[PDB]
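Asker: Below, each chain spelled out in residue letters.
Number of protein chains: 2
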Amino acid sequence: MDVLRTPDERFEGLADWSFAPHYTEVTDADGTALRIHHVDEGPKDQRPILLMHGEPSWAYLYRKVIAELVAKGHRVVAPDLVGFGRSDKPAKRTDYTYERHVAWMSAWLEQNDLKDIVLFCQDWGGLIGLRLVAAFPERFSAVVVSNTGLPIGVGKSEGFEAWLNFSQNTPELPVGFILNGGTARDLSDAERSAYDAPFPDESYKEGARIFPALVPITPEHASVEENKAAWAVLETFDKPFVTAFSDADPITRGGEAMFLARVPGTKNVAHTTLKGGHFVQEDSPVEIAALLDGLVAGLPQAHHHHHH
Amino acid sequence: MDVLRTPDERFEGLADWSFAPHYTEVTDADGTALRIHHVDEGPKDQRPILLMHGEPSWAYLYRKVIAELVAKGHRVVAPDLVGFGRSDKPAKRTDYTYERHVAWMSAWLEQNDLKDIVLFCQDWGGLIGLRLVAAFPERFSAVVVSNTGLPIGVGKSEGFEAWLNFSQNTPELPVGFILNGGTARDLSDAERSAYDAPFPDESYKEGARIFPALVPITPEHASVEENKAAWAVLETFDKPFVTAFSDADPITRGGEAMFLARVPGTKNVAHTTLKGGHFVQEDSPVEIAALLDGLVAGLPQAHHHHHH
Ligand SMILES: [Cl-]
Ligand SMILES: [Cl-]
Ligand SMILES: [Co+2]
Ligand SMILES: [Co+2]
Ligand SMILES: [Co+2]
Ligand SMILES: [Co+2]
Ligand SMILES: [Co+2]
Ligand SMILES: [Co+2]
Ligand SMILES: [Co+2]
Ligand SMILES: [Co+2]
Ligand SMILES: [Co+2]
Ligand SMILES: [Co+2]
Ligand SMILES: [Co+2]
Ligand SMILES: [Co+2]
Ligand SMILES: [Mg+2]
Ligand SMILES: [Mg+2]
Ligand SMILES: [Mg+2]
Ligand SMILES: [Mg+2]
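First to last, the protein sequences are chains A and A'. A prime marks a further copy of an entry chain. Numbering (the authors' numbering) for the first sequence: 1 to 308. Numbering (the authors' numbering) for the second sequence: 1 to 308.
These are calculated hints, taken from the structure and not from any lab test. Any given hint could turn out to be false.
Just so you know, same-sequence chains aren't split out, so a pair can sit in one copy or run between any two.
Derived SDA-like pairs: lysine to any residue, alpha-carbon spacing no greater than 25 Å straight-line [stated by the list, open to error]: (1) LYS72 to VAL269; (2) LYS267 to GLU110; (3) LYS228 to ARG139; (4) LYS156 to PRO212; (5) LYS267 to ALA103; (6) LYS267 to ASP113; (7) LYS228 to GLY265; (8) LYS275 to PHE177; (9) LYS64 to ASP30; (10) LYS115 to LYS267; (11) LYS267 to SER106; (12) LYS267 to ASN112; (13) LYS267 to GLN111; (14) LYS115 to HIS308; (15) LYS267 to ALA107; (16) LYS228 to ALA261; (17) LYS228 to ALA184; (18) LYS72 to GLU25; (19) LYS115 to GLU41; (20) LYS72 to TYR204; (21) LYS72 to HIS22; (22) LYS228 to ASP238.
Sequences and hints are given; from them, build the entire structure.
Answerer: Right, dumping it as structure tokens:
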């Protein structure tokens, strides 16, 4: 693969983002080494709260959630998907596939040897993060899903399809503008600029351009088979599994029901509806941090595992 | 469903079979209540060693293994699949499907609330038993697979296909004769009669007739999707998972490799090749019992789980 790397000057002076970058080198099956970025804040003796972003955001989306949780004594880890943030960015849309993202982030997870994880995932952060849970369930102590899903090509998803068709018809993808359109609150120019930071020009956006087309909404899509298999693992996942979808995101709203129907770990936890749009982290960051803090505190009294 | 029930007189005076019958009523989705038979020998405070038979045998196949393990202080449980043994027998070939067998035995397993299980499975005992492991992995402390598989419609299986075509072309299925043809040692007339016992005439054999046709050897077969999903669970199964295939069964020999390739619990156990034919329990019962006894003894020092 041809690979782009955003210059570091782009990440200077960003509103409410001073977290030091960490990097991991993962090797693709084609031999290409890709550098993935994450932040890691707080004490290493605490279990990691893993925060996963989706399309077309980056770990910046969690900046307030990170600050709140760190202030409460937690360890917080937030990676950038390949194509996004401070991670490397394959140069062709055709370089990105759902299975490739899963393989890349699986390597990242194993190489950083993250365990005892409390996962919060949203959009593609969940499409990929939930595949990590299904591949490595004993690495996860609890999961929170918000405005996400694990599609299997079934039914209609017209909310999402409206976004899909727009995202493919448009000749350019104005990322800060999209973030603002998917948040109830009005993002400042500085905040929108931070979302534009990874992408000095359109050539850096090929992962952002193709992501919607990778969502498996038809039976013929790539990754339908793999996602159906992953659901069989999630049907056995009995540790706390919380839904925290927002009230004003018709793109993903329909994704919640299958978790409640199929995942045993949803039975003995309280679910909530958060206030906000698709990018709920901009609308309800304090509430998300409070939810995760309380979830962590209750783990010893909840169902848990040993010997991994 | 129309359902046949073999008269109890058929099970009197069988060579080396005096174990008292236990019964469980399971209700099919179509409303039909089916009675399933099992034997349960030894102390209830010991973990159950669950022995599962396949086509066209019944729990009688394990009579010596049961005796050996009971003499060693173990609890042993051996059920008859619907269509077989002392279990009820739907009257039409079309009543039997792979998914129905899994549903029936899943109900059986849950209703008897078997836990801490050490499973030994062979032929369809494994095609169904391994689906129980994938559905309820925390119920299983260890698994031993012998002369079995979990097919996903891939590759060629010409050994099995030779049996398939015979089994479908033949107008009648002489069950004792088949058992003798699939065992290295010569079964006595009494032993063959015990294998014929469940089937007073051909009308009782519809489950035995169709079973080979249910094995998913083409991509279009029913249960391919479900078995691929189950494999994703087995890819996470890290408790002892032993292969004990025999040396002289070309029908199933090719089924072993995928377990060693995909199941993590195969890594830190010793695998063995048993002597004998397809129905290896007739050829090496003492060795099977010794293997299971040793496997049970080592569990506390092996990888194990808590809190289920
Ligand atoms: Cl998308
Ligand atoms: Cl068969
Ligand atoms: Co290097
Ligand atoms: Co750090
Ligand atoms: Co999306
Ligand atoms: Co559990
Ligand atoms: Co909800
Ligand atoms: Co504990
Ligand atoms: Co009754
Ligand atoms: Co008994
Ligand atoms: Co068979
Ligand atoms: Co384990
Ligand atoms: Co072997
Ligand atoms: Co222990
Ligand atoms: Mg907004
Ligand atoms: Mg706290
Ligand atoms: Mg023989
Ligand atoms: Mg013993």
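Asker: Confirm or reject each hint.
Answerer: Verification of the supplied hints:
1. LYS72 to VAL269: within (22 Å within a copy, 44 Å between copies)
2. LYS267 to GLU110: Intra 29 Å, inter 19 Å, cutoff 25 Å: inter-copy only.
3. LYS228 to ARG139: both (21 Å within a copy, 23 Å between copies)
4. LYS156 to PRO212: Intra 15 Å, inter 38 Å, cutoff 25 Å: intra-copy only.
5. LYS267 to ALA103: Classified as between: cross-chain Cα gap 22 Å, same-chain 30 Å, threshold 25 Å.
6. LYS267 to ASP113: between (29 Å within a copy, 20 Å between copies)
7. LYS228 to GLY265: Classified as both; 18 Å inside a copy, 23 Å across copies.
8. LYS275 to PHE177: within (20 Å within a copy, 70 Å between copies)
9. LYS64 to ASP30: neither (37 Å within a copy, 54 Å between copies)
10. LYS115 to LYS267: So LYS115 and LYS267 pass the 25 Å test inside a copy (23 Å) and across (21 Å) alike.
11. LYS267 to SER106: Between copies, since 21 Å is at most 25 Å while 28 Å is not.
12. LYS267 to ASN112: Classified as between; 23 Å across copies, 31 Å inside a copy.
13. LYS267 to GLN111: between (32 Å within a copy, 21 Å between copies)
14. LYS115 to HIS308: Result: close both inside a copy and across copies, 8 Å intra and 21 Å inter.
15. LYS267 to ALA107: The answer is between: 21 Å across copies meets 25 Å, while 31 Å in one copy does not.
16. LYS228 to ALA261: both (15 Å within a copy, 21 Å between copies)
17. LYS228 to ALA184: neither (33 Å within a copy, 42 Å between copies)
18. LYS72 to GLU25: Classified as neither; 31 Å inside a copy, 54 Å across copies.
19. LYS115 to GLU41: within (16 Å within a copy, 41 Å between copies)
20. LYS72 to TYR204: Result: close neither inside a copy nor across copies, 36 Å intra and 68 Å inter.
21. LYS72 to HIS22: within (22 Å within a copy, 57 Å between copies)
22. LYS228 to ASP238: Classified as both; 18 Å inside a copy, 21 Å across copies.
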